[PDB]
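Shown here is one chain on its own, the form deposited without adenosine monophosphate, set out as structure tokens.
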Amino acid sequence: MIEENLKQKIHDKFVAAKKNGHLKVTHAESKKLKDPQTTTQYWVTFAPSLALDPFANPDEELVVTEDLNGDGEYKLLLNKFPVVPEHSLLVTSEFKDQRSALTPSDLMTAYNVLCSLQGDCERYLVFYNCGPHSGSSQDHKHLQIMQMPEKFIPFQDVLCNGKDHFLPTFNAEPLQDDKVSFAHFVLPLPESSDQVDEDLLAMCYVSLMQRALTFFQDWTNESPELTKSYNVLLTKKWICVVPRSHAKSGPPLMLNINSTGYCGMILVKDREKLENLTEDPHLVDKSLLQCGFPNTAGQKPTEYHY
């Protein structure tokens, strides 16, 4: 069960630690962009000062909760050097590898945290960077939770809008936006948290995973396995998985891309890059392709390697 008054606890732990120097906020400014070609909305954050096992012994002043549930599964830590204020890490109490899949209780715990923070009108995102190409910096398993920008509408939203929860089958594949350059898989989630339980979440994740895995494992055995990497993104309205080829993008930007990139949130460290993207928002779409695999919308996962 999720700690009571989690949101106030996060807030209060955060202001206190900013106050006395247990965390320092990196200054940043953000703005909206729109891909003229693909229509996809982006949120670009600019943090110049950035160009100039923490979970083992985390600073107690940063620990919002020792166990997010009754179980010794999870602790909730504040990010020590956040761009987004109150940005938090759900860390496995005991060590596990970040290359491991999300369990069912992982999913239910993350969804419950979202519900708790969202007041049941701010929006929260929960995400997981799995593997070397995901943008994962650390090997100790953790999820991340952060508030999404107030007016930002990620493409997943429009993708899922007015589309009821379902699960994939041979007739119905996960939603994927064809306008975007990159492979991704999304299921809408029920509007009401009463329709959401562990098993629904688990089945959502497994079926998304099976699509994501086809870029790594090959059923024809005409290729040897690759190393698995993917982003999981979870909000209250949908869940999404992105297979990842490279942690960092190619020549013009060379952005480090994590989960947030794939709902369209980009972090840039220098003003030349910031103006490149302003002039040409379509660069983001190109970067997302370099870091992922090309869009598979309208295809059976089975025919990828065949």
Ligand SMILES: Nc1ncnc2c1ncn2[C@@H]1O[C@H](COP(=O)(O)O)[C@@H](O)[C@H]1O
Given for the second form:
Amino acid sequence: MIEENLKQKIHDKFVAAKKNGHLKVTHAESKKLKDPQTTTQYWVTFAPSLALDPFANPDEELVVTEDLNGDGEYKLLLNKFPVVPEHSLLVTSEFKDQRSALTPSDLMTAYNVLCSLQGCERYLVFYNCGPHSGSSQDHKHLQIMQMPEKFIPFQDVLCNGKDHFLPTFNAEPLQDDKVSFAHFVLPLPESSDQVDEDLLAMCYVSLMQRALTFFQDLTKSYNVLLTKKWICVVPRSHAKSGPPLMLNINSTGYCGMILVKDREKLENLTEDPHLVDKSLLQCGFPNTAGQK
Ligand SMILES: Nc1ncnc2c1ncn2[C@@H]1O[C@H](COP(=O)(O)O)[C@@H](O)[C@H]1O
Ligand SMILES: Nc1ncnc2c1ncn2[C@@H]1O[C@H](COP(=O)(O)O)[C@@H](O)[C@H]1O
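In place of the form deposited without adenosine monophosphate, output the structure of the form deposited with adenosine monophosphate bound.
Up next: the whole complex, starting with the chain shown before.
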């Protein structure tokens, strides 16, 4: 059960922290890129400045709510070093570990926050899980950030024209065969009324099956991305990319959202955006789909 006008409180809360220093907004410039080989759309943010247990007792100036739901499980914090204004942490009240799986509560809580903020705005929710996921913090936390105003992540196109399903013997999760990386995507019911705790648990664990098999033949690492339109699970072999790019990558980069700290890199992606693909390959596993 989400707090009322939770947007306003996040907005009300951020405008302050920015003013008094309790958080600091890195400047960035961002541009869209399209993959000529794969058709995938890339949103590339440039922040050269970045080239230059806090969730236990975070500055209260940073704490939107002490308990998100009626339950005493979650606070809501503001990322103290935002690139996208207002990026929020969903944080466990009593410490849990980031290696820990997501629970029916976690997903619905987060989904309900999606529904609060989304009352052309769009929001992304992700979880970096494991040494290789892009995680910098062990206190379990989920992330919520605005996605880009005009941007079409490939999950969308793979997900449109396809009504919600839980995999049927004649059906797997949805997986784009064009791209380099293994990933798993399921469509969600459009009106949030068709969406509840048990449905996501199904979705998540299901996805989690296919995901898990990428170890049993490195400690399990992966990304979860969740939007009102779909849920997606990515298995992760590395945190940072290979030799061309040496990019650090978290859940966002698997809807195509990339954060680079130096200009040459920005240029090289611009010259050849498909390198992004190879990077998600380097941090991922090779793709499967088109098969069973
Ligand atoms: N794809 C992304 N787009 C925008 N901000 C991001 C992205 N990935 C991470 N961040 C945030 O940007 C800040 C810098 O992260 P880092 O790039 O690891 O130095 C942190 O607040 C991150 O959570
Ligand atoms: N003291 C802090 N208070 C709130 N957020 C923080 C603090 N230190 C780091 N972060 C953010 O915590 C997030 C960690 O995400 P990740 O590195 O994917 O685990 C990033 O958005 C960081 O900017």
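The term rigid core refers to the maximal set of C-alpha atoms that superpose within 1.5 Å between the two forms. Shifts are known only where both forms have a C-alpha. Positions refer to the first chain, counted from 1.
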Large-shift segments between the two forms, meaning 3+ residue runs whose Cα move 2 Å or more when the rigid core is superposed: 298-300
